[PDB]
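Note that one protein chain of the assembly has been removed; the remaining protein chains are unaltered in position.
Letters A and B mark the chains as written, and numbering starts fresh at 1 in each.
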Amino acid sequence: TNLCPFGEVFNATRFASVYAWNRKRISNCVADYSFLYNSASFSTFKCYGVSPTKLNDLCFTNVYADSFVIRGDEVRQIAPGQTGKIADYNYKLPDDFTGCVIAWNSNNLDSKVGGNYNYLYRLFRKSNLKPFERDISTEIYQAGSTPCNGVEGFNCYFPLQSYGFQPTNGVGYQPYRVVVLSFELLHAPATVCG
Amino acid sequence: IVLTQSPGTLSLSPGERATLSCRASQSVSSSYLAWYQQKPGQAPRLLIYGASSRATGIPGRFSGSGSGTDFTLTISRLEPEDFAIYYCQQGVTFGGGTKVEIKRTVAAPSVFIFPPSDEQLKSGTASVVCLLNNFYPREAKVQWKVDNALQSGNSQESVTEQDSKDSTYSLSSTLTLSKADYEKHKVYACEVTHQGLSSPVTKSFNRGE
Partner (left out) sequence: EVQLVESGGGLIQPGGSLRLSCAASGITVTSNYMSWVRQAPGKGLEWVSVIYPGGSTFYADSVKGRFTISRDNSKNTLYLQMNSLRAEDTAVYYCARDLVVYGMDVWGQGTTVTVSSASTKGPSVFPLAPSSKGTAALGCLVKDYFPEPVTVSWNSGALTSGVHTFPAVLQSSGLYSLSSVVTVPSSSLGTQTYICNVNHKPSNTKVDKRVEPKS
């Protein structure tokens, strides 16, 4: 059998920061979504435009698996139609999203005593991201009319900020690993079938 | 998220160390907290951000510390301009504030009672005023009594800011009655309880002298 390598996304030992979210393009394989119905492993499993229980009966042109880490209380922003720092400046789903959003608590892997400062999010950006846009700029953010010329100072801020993930955080503020499955159906032969 | 500041009031002298506490109901991020000072009639002023970083131009005697849920603002050596209200803040949440006031020796209030004027009585209302003058500390209890009945629900009171000369407070309480009710009773008294008084002080008058 030629199974789609969803394990490489879901079971990756390390995850990306949300501003630099990872994407794996899945093509030309048999997709077995049975691992999703294994509950007690996922705190969020929400689908849009498809039935969550019928995924094994569906064919798509391609499937995208995006993955990243955010705060628990930010998982609600990974949905069509949402606003907030994550949806606006880090990872944006389209209003007409077709796919599923899966999340689980990763406190045991992604928090550190005194703070894990490796997971970042973009705090400053002049405009919202388009759906599925990925901004990895580290340009100094100009909050006034004076050019920054690459140096931080008043009105001149580094645009990325660290999460302060420590294992004693309240659960809503603990790290969550998120995988977004986008199902792409083009006027073309399907290559990912259940 | 709830931020609880303690104590409500710190009473200290210039030169002394002030320690103000802010406790968060949840551990969020790390060192996630700002501190502000506010003086009467003025907008708040940022003192500390990121729990421990001093805002630009803030004197070095201000320092912040703590993490998880427990945070502290320290003023190492109080200056006279530091007596003020201080707020902590996280995201959209503010703490309830801590007042830093000048400590001084206990001073009992001077107590005065004023009957309503005849001019006011002509209009159908009677206001009886009780004045507590130049006391410290700020906590004081006024109990109105009419023919020895303890009055509840018909008085309001007001307290001055700490006096710039002698660091005392003053308090004014108004008992409001209809004229008809006022004329129904004889003995009007305010009884004052304060730490400077070994026993409560009562000032009274008899309506009609």
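General remarks:
Following the convention adopted for this analysis, a residue touches a chain if its C-beta (ideal position, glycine included) is under 8 Å from a C-beta of that chain, and two chains touch if they have at least 3 such contacts.
Within the set A:7, A:84, A:114 or A:147, the residue that contacts the chain not displayed is A:84. Residues touching the missing chain, restricted to subunit B, are 34, 36, 38, 43-46, 48-50, 53, 55, 87, 89, 92-97, 110, 112-117, 119-120, 123, 127, 129, 131, 133, 156-160, 170-172, 174, 176 (touch as defined at the top). Interface residues of subunit A with the unshown chain, by the touch rule above, are 83-85, 88-89, 123-128, 141-145, 155, 157, 161.
Keep this in mind: only the chains that are shown with their structure count from here on.
Within the complex, the subunit A residues that touch subunit B are 114-115, 154, 163-166, 168-170, 172-173.
Against subunit A, in their complex, subunit B makes its touches with residues 26-32, 56, 68.
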